[PDB]
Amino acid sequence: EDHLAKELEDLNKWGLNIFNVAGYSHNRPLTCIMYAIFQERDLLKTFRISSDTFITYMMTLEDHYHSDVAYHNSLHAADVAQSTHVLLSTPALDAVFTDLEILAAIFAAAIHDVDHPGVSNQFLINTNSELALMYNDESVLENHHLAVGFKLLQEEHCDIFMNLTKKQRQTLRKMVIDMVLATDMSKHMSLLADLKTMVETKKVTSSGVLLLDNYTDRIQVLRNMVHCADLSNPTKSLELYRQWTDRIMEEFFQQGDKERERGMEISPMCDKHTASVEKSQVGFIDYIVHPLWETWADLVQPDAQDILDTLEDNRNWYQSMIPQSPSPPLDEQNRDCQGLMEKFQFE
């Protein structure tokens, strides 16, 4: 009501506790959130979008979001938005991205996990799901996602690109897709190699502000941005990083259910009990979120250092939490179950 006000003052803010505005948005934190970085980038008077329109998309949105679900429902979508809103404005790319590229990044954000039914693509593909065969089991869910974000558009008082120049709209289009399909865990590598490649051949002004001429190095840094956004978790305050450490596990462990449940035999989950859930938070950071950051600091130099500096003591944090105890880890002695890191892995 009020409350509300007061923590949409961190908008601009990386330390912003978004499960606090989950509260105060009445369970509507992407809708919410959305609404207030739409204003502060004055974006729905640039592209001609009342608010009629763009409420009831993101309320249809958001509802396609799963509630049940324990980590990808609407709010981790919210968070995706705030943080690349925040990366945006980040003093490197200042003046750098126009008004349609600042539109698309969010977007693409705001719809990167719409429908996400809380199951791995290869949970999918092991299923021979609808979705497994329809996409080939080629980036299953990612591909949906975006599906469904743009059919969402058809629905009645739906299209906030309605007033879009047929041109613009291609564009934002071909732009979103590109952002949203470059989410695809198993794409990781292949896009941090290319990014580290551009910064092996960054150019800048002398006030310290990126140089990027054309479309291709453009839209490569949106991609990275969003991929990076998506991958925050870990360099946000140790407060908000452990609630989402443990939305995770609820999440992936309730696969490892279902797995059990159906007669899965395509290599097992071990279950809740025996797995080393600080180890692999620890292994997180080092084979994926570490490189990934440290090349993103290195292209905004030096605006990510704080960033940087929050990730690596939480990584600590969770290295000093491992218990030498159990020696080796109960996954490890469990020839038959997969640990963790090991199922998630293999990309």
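Residue numbers count along the first chain shown, from 1. In this text, rigid core is short for the largest set of C-alphas that superpose within 1.5 Å between two forms. Compared with the form deposited in another entry:
Rigid-core fit between the two forms: of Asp271, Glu138, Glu250, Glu155, the one residue whose Cα shifts 2 angstroms or more is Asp271.
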Second form
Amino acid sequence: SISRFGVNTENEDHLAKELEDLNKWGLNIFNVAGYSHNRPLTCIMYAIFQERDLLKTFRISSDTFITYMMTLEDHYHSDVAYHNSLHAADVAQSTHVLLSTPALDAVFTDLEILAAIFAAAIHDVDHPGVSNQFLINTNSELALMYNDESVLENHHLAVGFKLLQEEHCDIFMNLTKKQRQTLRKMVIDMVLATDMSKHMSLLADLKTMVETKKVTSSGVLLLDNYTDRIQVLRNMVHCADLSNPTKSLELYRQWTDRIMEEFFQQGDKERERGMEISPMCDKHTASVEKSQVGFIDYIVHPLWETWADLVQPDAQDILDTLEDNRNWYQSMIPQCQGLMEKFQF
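In place of the form deposited in one PDB entry, the structure of the form deposited in another entry is requested.
The text that comes after this line covers the one chain and nothing more.
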């Protein structure tokens, strides 16, 4: 069971049936959690690494891998409504699918692939369930440590890398020095690019890149160098981090409930401290359906449209689902600055 899934489970057969969808956008990670004793991140990372032969390629012990992943998953907070191990697992599995998009076939090195999925796994570790801006506004120790810049993203990185230095946790021991160095650099790059306040400038740079794209006669992207590759990978991970609205409505709605609960819990903190309640964080004046439509139309669609343009035609299904979900939320609205502000500056 451990050998098969990297986790103990009372229903191996149900877990195995769900993991049949490992390479699919339609994987249901909530079910994976339910059949893995709420170890979705360890489970999904083990599955992904076996699928891609990454433990063989990089000589990573499977036991050491399970040990690291368990401590990493333990460092996600169960009582944080959205930014917990289920979201990390989702981003990792979503990154895993995006890496296999036909337009990117054989484009990336194995180390690049390793770096993207590892980054996905660690990108929100030890999230406190309050935003960067909250941490800045409350004079937090983390904001003081990190000089107000990508405060949590720097913290997620430091925690993720520090766990590797625990006894029996160094999954990269068998990499060469040069490999370790390159991997570190790439992971730092990608996790720092998940700072939502970089969304606009990241999208601008991606469009610029997409203007210059060239493909083979088979539709495969031609990337000139490292610089172009890591740019696609940053953006890939960002897209995986804003993929909830591109999943089935059933899944999207569960994600939305969770991020609203998280925001509302921060707004209750802010209220208790006599602070102005941040946009999206006031449960008494929230308009959830309307905000999702604006989120999609101004942030998530523009990003996915640029991504879809890059990997044309691979991502049309994703765009169609996103539109369809937008239509649903729009139909459920009962009879702009706060939005856009979390995604720029």
